[PDB]
Amino acid sequence: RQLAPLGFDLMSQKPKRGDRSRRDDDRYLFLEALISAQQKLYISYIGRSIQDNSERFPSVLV
Amino acid sequence: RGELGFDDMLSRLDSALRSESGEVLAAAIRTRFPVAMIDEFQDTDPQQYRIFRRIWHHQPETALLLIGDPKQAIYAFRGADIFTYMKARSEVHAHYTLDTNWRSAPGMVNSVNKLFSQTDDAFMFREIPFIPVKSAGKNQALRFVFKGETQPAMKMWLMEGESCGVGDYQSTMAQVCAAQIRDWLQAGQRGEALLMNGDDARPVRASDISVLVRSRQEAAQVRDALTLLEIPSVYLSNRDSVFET
Amino acid sequence: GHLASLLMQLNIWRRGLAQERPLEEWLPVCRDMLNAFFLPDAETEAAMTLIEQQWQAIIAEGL
Amino acid sequence: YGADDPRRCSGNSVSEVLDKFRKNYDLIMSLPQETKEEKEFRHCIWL
Amino acid sequence: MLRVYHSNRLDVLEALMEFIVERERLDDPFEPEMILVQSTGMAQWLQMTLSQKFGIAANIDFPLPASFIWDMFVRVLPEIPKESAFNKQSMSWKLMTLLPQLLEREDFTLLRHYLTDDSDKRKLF
Amino acid sequence: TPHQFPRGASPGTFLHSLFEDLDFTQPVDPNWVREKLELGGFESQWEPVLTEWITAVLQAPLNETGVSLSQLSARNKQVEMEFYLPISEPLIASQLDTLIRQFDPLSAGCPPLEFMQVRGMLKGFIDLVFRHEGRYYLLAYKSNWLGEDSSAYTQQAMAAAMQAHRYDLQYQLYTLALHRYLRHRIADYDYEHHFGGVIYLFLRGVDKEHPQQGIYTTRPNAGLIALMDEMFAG
Amino acid sequence: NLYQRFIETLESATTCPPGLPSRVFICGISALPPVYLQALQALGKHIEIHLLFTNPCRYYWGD
Amino acid sequence: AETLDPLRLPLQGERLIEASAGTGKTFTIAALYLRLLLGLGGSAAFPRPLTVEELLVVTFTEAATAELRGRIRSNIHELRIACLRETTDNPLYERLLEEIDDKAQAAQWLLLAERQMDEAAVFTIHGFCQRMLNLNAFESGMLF
Amino acid sequence: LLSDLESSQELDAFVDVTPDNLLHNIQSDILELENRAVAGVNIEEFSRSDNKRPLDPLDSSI
Ligand SMILES: Nc1ncnc2c1ncn2[C@@H]1O[C@H](COP(=O)(O)OP(=O)(O)NP(=O)(O)O)[C@@H](O)[C@H]1O
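Protein chains in written order, with the entry's author numbering: chain A, 687 to 748; chain B, 346 to 590; chain C, 562 to 624; chain D, 6 to 52; chain E, 1 to 125; chain F, 941 to 1174; chain G, 188 to 250; chain H, 5 to 148; chain I, 313 to 374.
Be careful, since some hints might not be right.
Below 20 Å or equal to it, Euclidean Cα-Cα: the simulated EDC-like pairs (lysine to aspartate or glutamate) are [unchecked claim]:
(1) B:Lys416 <-> B:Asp388
(2) A:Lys726 <-> I:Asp328
(3) D:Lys41 <-> I:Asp324
(4) D:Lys28 <-> E:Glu18
(5) D:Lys44 <-> D:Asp10
(6) F:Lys976 <-> C:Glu622
(7) E:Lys82 <-> F:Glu960
(8) D:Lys28 <-> E:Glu22
(9) A:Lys726 <-> E:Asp11
(10) D:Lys25 <-> I:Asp328
(11) B:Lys483 <-> H:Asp93
(12) A:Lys726 <-> I:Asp368
(13) E:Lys53 <-> F:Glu1022
(14) E:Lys53 <-> F:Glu1029
(15) D:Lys25 <-> I:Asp324
By construction, these hints were calculated from the structure, which means they are not laboratory data.
Kindly produce the complete structure, drawing on both the sequences and the hints.
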């Protein structure tokens, strides 16, 4: 999930270590989910739209 | 209400860029995106070109790549304009061109070249000159074999009679198209009709056959006659609502 | 007679809420509106209390 | 490196780790804090 | 001292916490245990596991790091309010008043162009 | 009057929230009661009276030790304690009701407990826990309108209400929870030595005229507590 | 403004200030601001703080 | 009008590329995207190498946008694999490899781009307008 | 940040993972900080597929 900065925030201009962002948070949640799984990991996603029979794509993480 | 719409989005961005503060806003967009590549540029509104010019016209260290084909400008009804495309074409000094067609068999390319070379200034615009294109070496082997006989790349089905009405034309052509698609499907189900790239081949499925129509009623007239032969078909531009069934 | 009694209220309040007011004048508005327009019940009392609590919190921060 | 040190509780199962910690709890607590240079040296040796 | 416990799995950490709680007992019975968690689900899991191990889990405070840090400010230093004057909710209504008073300034010129066309202080808010 | 005060879920929660943030070692403030009545939305007419009533609660004596709620300092009190109690083997109503009837007469008076098998955790919020003379106690607030007269708040009527709303099992589980918590925390813990009993405080029942009306005190049998602990453990 | 004063008070404190809890646990938190870490480091002298950090990698994998 | 060679096309100022149907207008977008990511072409190249988030691509329809994004992802992956193996079976990738000076750094940049491909700035005109309005509501004068 | 703390005494309590599954293989690769994927730079490395790890067909961890 993407939530861009306000645009006049000064932090995102010159970031330092420890600054939190939603992108890094979700990318690390995906790693936590993998590490915490003890027996089985199940991953699903929509491949083709039911309405138009188009082609969707999986996340860059998957 | 604090709402917004597509045309309202474009108009508001244009107004902002035209206002006094828009200059600053321009940098905000220009520093963000140094290089921008617009595709399908033949369909362009005056607002969109004013925006693109305001942002990327003469500032240094910022490129702009316009890619478009004026012969394909078909969205006039939607607000697009070919005249603004030609204005942009005049305002740009450099021009680049692609020579070879990589899409279709050498038969279709020659067919189109011959059909558009009949007259001079076929597109009746002096700024839209037509030139013949050459097929690529990869497609030289493409063929379509029907019942053991290679079919011509393009086939015009002429209706019979002197004066034909619009409704009679529509009904007769829908029926003829249905019959021909049924024959193609029957001959492909037995492995005869094959789309061949050299030695490789594959039968003609009901999916690879597409019927291009202009209007909705036209598509429905096609679909009814096509279902009369118990042939499955779907209309990709269908905007009907489920609740109307 | 009941419907015409509703609209009358809908009239009065639509004239009262037009004018801008300071924050301390906005305090009794929510309670008066709730008790005038609504007759609470066992289930709705929770929602009405939540409404009053959030309204009071907003105006309390403002004050 | 550091296997003899009571701090390290790395083991093959949860129970082994818990027992290795439980046996040397007092020894761990009593030990003085490691110097920052020692910690960096240990992490460098492990790599 | 500040001791850091590294573990690839959470159960080891939770069992270490269990053993440390059992080894060193709190003198006063009414003194609540302090455990910092940023999510309620983590606190729920910690409670359900500690109760399953010890027999009961109670008097375990679960404050957020910010709330805990402010609480420690309150206790170590004198003349500190219960709640900070500068918070996210109150700075809103303070800036709402301060902004019209500062539009005349040169530095806020851009802001003026933003706040020129507002009618019911929507942009301001 | 307190007896004619409005009742319900929200009035009860408001009455409890009053004591949740009330300081016992200080006299009641009129402005604070007025602000709380403004929050609840009740009539301001109650503000002069309710304040007095609150003091009647704080100064009312307790079990024969004679403890006043005002005598409890902030260090010897714990308000709204949340507890988690695991139940490993399935809890059968029949296998528990028999023991509760054996060791408690209130259960013997009532019909047998009826509920489906449950295995898992048990949650609960104890209203107040406080220690006096190195002896711990359990205090539970109840704002149920037993009757219109003070006679409905006597010992027999309070016991009847306890039996009707099945607060017996409630305070029994609370005692099991407190027992386990004290055994966990207090080094060298003993039930008889350190436990002081259970106190149900009926707010509206509290009257300065009669010391017994409003308060109820009961101590669960140690054998019942031990057998219940063993049952819930395995 | 309170951070530096809070750190300096405990840094120069000869004895443990009254009212602080015996020990603290920090469980389930994989991200903290550097200032909170400085405050907890200064506070660790008087009272013990146990950080439970779920670390996916065994070796040193940061920088 | 000149014949077009994607590697030799200079990327400075305004440039118009016009051609008939099925001539590979869309297909050239990927080659230009790779050139921009790696900063290739010498004199014809951009002054500095760029990142995924700094390249804007504008398409007509949403489906075309998704197609182009997926295809650019695939091309970045294949070119990175080629840079790692220093050999390839495609003529375009072969010419690119001939043009690349250092292949390890190129593979590193391509890896970063492949990881940031979720943030690829490939929009339509209306989506571009909406996104620029939201990201710059302060300058444009809109609501947040 | 944690490494940069001066007055910190840290002990490591890890639990080794046996690579008996695909999921356990991935978790062990993450835990041991080692790379298993084969790029195929060498022609000899690119031809043979033995460099990779065997995957059980019945395995359905991931
Ligand atoms: N250099 C190339 N080498 C190989 N195949 C190519 C090349 N350029 C284009 N193609 C193929 O040509 C076909 C159509 O190319 P495309 O990029 O759609 O041109 P186009 O200008 O977009 N046609 P259109 O969108 O109708 O104007 C696709 O199958 C491409 O894979």
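For each hint, the structure was consulted:
1. B:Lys416 <-> B:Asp388: Distance of about 10 Å is within 20 Å: holds.
2. A:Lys726 <-> I:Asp328: holds (18 Å)
3. D:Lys41 <-> I:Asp324: Roughly 16 Å between the alpha carbons, so the hint for D:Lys41 and I:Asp324 holds.
4. D:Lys28 <-> E:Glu18: Since the Cα atoms of D:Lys28 and E:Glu18 sit roughly 15 Å apart, the hinted pair holds (cutoff 20 Å).
5. D:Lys44 <-> D:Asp10: At roughly 13 Å apart (the allowed maximum being 20 Å), D:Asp10 and D:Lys44 satisfy the hint.
6. F:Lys976 <-> C:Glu622: Since the Cα atoms of F:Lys976 and C:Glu622 sit roughly 17 Å apart, the hinted pair holds (cutoff 20 Å).
7. E:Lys82 <-> F:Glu960: holds (18 Å)
8. D:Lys28 <-> E:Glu22: holds (14 Å)
9. A:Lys726 <-> E:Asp11: Distance of about 18 Å is within 20 Å: holds.
10. D:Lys25 <-> I:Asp328: Holds, because 14 Å separates the two Cα atoms, which is no more than 20 Å.
11. B:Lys483 <-> H:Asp93: Holds, because 16 Å separates the two Cα atoms, which is no more than 20 Å.
12. A:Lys726 <-> I:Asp368: holds (15 Å)
13. E:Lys53 <-> F:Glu1022: holds (17 Å)
14. E:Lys53 <-> F:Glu1029: holds (15 Å)
15. D:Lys25 <-> I:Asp324: Distance ~12 Å between D:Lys25 and I:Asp324 Cα, so the pair holds.
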